[PDB]
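Before any questions on binding or motion, here is one chain by itself as structure tokens, the form deposited in one PDB entry.
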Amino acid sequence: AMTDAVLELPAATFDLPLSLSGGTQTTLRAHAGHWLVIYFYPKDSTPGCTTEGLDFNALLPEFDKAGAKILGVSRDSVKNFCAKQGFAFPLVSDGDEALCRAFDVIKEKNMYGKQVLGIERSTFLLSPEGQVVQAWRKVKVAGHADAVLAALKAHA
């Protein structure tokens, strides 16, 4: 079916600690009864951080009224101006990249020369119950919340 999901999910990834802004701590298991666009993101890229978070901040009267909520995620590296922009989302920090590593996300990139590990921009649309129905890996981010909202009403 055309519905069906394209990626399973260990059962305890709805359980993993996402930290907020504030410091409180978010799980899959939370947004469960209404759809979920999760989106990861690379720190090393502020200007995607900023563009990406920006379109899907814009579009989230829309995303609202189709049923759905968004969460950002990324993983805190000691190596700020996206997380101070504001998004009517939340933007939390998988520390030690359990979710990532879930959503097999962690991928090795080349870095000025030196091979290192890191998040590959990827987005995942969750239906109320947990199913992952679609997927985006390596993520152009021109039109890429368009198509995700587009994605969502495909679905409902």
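We call the rigid core whatever largest set of C-alpha positions still superposes within 1.5 Å between the two forms. Residue numbers count along the first chain shown, from 1. What changes on going to the form deposited in another entry:
The only C-alpha among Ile106, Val116, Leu54, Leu60 that moves by 2 Å or more between the two forms, given a superposition on the rigid core, is that of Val116.
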The other form holds:
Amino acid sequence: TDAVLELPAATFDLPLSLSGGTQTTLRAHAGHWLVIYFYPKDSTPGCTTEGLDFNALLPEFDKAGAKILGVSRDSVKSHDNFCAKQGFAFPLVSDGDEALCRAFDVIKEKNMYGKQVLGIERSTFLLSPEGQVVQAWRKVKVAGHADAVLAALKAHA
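Could the form deposited in another entry be shown next, to go alongside the form deposited in one PDB entry?
FYI, this one's just the chain on its own, none of its partners or other molecules.
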């Protein structure tokens, strides 16, 4: 009823490689809210702006017991370098095989260059304590986004 997106059951048990060398799974986050934001490329202007915006709001997400994960298909080492340079205090998922991206249907196609070109569309989701995807943002506008996600989380919580 409250879900806006249905994920395959296996999605919740995918091993997600994090910055810092550990793995997580979505099921491991049971019992608390989770914000998952997908972005196209480490260390680019929009992605850096978005990450810094979420980072600045961490205490507000903490107040709500929520955790955040950023996701792109960059490597663990790329993510480590990005986190260290920017001072991020939340993890980044190295979704190199785009398994998590496909589950959330964020790999979108565009007819460009006389080709069918597939890429990550900037998108964010709110996962309830019982693992339901209860809100989505697609084709994200970075300006104001993290603030809007926080407001929606508060409203839902």
